[PDB]
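Okay, so here's just one chain, in structure tokens, the form solved without the ligand.
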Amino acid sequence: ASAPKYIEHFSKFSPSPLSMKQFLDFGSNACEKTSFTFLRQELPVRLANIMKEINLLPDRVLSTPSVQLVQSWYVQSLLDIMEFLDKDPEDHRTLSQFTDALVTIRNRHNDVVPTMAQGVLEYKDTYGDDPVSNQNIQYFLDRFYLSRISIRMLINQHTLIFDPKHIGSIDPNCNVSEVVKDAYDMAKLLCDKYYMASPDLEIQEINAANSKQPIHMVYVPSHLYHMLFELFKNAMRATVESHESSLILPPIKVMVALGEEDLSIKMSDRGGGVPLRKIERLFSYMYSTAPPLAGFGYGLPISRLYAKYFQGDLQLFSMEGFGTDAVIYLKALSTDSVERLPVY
């Protein structure tokens, strides 16, 4: 077969980050043929870039069953996409079987996270969990997961639009507060199920330039939901367990600020907090992988990748003895919301 030639050829290209605008433009008025011709070039570049990095991992990592299985998904997905390079954009059955091919590729990779998690486990027990190992895992998974988010975003844009308010997974009129409430509601439901107390929510908005207006943005609200949900679940765990022997339960307080450049979402809790020393660990794939609410959500590392993905960030800071603020930093202006892709 040809996977290594394909990988080599296509990793000579640089991925092409898209902006929100570019996304919205692909997504109306059936630009279908256009999405197609972009994607058949772009997905291989993206796939191959990460595949090259996978192949450069040391052999004692690369020969593990978990990496072998993922190496195998990428090869197959890259080949499935190949089939279409020389095919004819005007032929509607071409467009059709390409959408089928996208769905199948998306399915094939649904379980990477737990797959990678086993590889981390194997390596931790097999070579150790020293700081150097940790940085290398962190470095590799951040890139790899960031890479993964970007590909799933391309595929979802195409399959949702090519099967009027929403544009695939982008809401050009996202109501930030609405998403905060829904993710709160869902985390509370879980909370009340496993603890039979749950804190209230208090939302405050600060729309600097327009005192009055509800705060809206162009965003991928499924992403924003992932991040809010992870954050609520942690804050609820903290708050509830830290107040078992007490009567008053602090609310969880969220602030939504709209500046010239940032849209920031702070979520404050009084769960007793974490010492500065132990904070980075929460972001570590290595330390946050071991063999109640613990089962739910995308995790802090991935939540932060979602924020970084459109040039934002997710940060924590705590006051041990008191509680923790978690802030999601997003770009307020759609013209600043451009894909951030691992550097090659």
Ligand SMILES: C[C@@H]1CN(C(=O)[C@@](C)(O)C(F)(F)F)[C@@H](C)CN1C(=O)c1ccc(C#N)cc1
Given for the second form:
There are 2 protein chains.
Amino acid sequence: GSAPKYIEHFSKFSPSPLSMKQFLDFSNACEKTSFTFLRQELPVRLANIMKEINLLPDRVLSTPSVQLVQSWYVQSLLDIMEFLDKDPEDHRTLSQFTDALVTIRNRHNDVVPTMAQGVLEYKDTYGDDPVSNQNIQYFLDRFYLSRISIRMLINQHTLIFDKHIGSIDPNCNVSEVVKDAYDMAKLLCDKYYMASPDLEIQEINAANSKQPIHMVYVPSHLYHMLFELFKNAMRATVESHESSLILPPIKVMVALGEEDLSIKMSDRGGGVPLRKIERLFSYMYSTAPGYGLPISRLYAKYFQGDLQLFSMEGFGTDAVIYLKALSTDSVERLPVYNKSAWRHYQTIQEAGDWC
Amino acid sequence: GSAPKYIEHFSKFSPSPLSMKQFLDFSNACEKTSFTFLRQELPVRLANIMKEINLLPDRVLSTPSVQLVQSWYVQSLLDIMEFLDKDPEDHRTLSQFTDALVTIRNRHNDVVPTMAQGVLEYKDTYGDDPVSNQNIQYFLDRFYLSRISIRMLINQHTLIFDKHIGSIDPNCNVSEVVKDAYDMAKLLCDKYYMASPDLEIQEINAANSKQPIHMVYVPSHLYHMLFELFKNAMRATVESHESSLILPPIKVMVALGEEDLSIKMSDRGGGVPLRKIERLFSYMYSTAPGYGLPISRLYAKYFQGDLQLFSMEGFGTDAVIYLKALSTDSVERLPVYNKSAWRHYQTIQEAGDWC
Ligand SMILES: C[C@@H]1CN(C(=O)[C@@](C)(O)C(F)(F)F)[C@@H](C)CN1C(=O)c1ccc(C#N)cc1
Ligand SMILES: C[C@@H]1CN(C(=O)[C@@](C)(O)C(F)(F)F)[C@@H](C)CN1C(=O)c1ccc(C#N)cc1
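Now the other one: the form deposited with the ligand bound, given that the block above is the form solved without the ligand.
Shown next: the complete complex, the earlier chain at its head.
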């Protein structure tokens, strides 16, 4: 019965944002060195997000969803406390940990669908107004980024201690990951629509005209973003041309500049009105009766990147993923609990500044 | 010595956002009808913006710039009070007005450069930090939109009472306005660089495949936005290819959908890092030792549109202007003084929610 205490403790610490090069330095660059680090970091990260939840309307708190996941974190937090007084050296004290991590990871595997359920519960229970949308948007963005960062650490440890350093590829060939996400989307598009647009890729390596474009990144993260975009671009190109015979291709450009590595995906799927675009990244409005876009964007932001959309109604849409080109600039984007984060939930909107 | 009083009065009223079709209904759809309207509207709009200024740091208030323009509005407000007790019918009582408008318009002709001077005064006097940037951004956006809306009314009256209804073209051929802004930028580009990229235009009239794209809009407003973008796209295409012989063209696409009319301008001028883009629309950071972009965007927003940028470092930049396709949806976007607008100036930032 000391959960509130632990959370009060570790909640006082700020999480330590790691860079992608520090990740590259790490089989056996001492997991002892990691164990001791993860012993404090995970609890600090779990506690900060747990501390922020506890401070949202009891209307949201009392729902089975929020309390279900809120109880998952409480258990994961306790699940790792065990090792605070333990001593490494014991080749079994740190394997008790790797297992303790794999067990915590799977315990949270369905947090996204679970949390989406809460959004729906809220829409039908309290309505879908801007202030609700705003608070949910603010919180889910932080909650999910928090989750992404925790899973990153866990995957890095579990994978490294069972060319690639954990889930990191130091020579990630962006165009290859583009092709992979494409092939997968194509296969699904073919089954469901029995027709699919082709793919054209083009690279622009500013500094080195023909050297293939490589970067240090987490391929699975990039695959996720690209796959989500290919699906939308495919669904729209197919559906908007159901009476046309032509079927334009989806074009992708990978450009590498001094500090940015950009990927643009252009489709001619009809486009979307500016007003609806703004709603495409909102958890509340994109819920019924998925969260590919809002979450794909958190993956972009996690390492200081971004994901943006801009279409032309009546023509098509461009989706662009901005990633940092240098591993030096690829530092975790983490949400922290402060007096600053507190007042973002004090939105008392009623009659704006514009008419 | 009653300025504070008048401002306290009219400041209680909210400005009346007009649609572009109401503008189309109006030589002599009775300027009496307008005179009486503008008699209350202008004072209400002048007072609301004047009321918001009076409530910004005295550090900003005391500068010659802010007080210089603050005294211009005070005089324009009084300049129109005169007609509050007047009676139309008198064919000279309303010409005293048209002149009173032309005189007020010119009195404010240099408010932009004047206000930009204040920004610089502030940068050097108090520094250029995010909270300063934010408050200036918030206020200048509103101040300038307020100004744009006031000049719109004035121009509509003065022009209509000296095919087009004032400054409104009910059959504005977007592609023609594109060509015009281009020719002008080209001429300047040719003088200064003695080389300039060509232009390709393409239309996508979704509903009517080949009918030229026309819309009801204020051509001079659209010309302003396009000219500003062509200049930047030209400067960058030329400068980034000073050692290349090839010189790609600037491509523009005009797409007309059910509710949106979009114009995209794509250049291959090298592109800009994501981090600097965010700073391109900031009055503070774009000041030295112009305001084409931040202001061009207010012109887009004035009638519910927008202006966005997205480039690929090492390749080029896309700039897109979103306008409403229907005159029904083209309603003035006006800033209003409320308890809502008040708290946007209570930014006490110090240590954010992210680490
Ligand atoms: C041991 C820590 C964490 N780490 C790891 O690779 C992992 C696999 O253990 C994990 F992904 F799980 F984090 C490197 C960034 C090196 N590293 C550090 O450089 C470090 C960072 C901050 C502190 C502190 N305080 C101490 C060490
Ligand atoms: C007379 C007003 C203003 N107006 C004008 O065209 C102008 C030229 O006078 C100006 F641009 F300067 F505004 C139309 C939108 C018609 N109109 C209205 O439809 C109207 C709108 C609101 C109210 C009110 N309250 C009364 C009339």
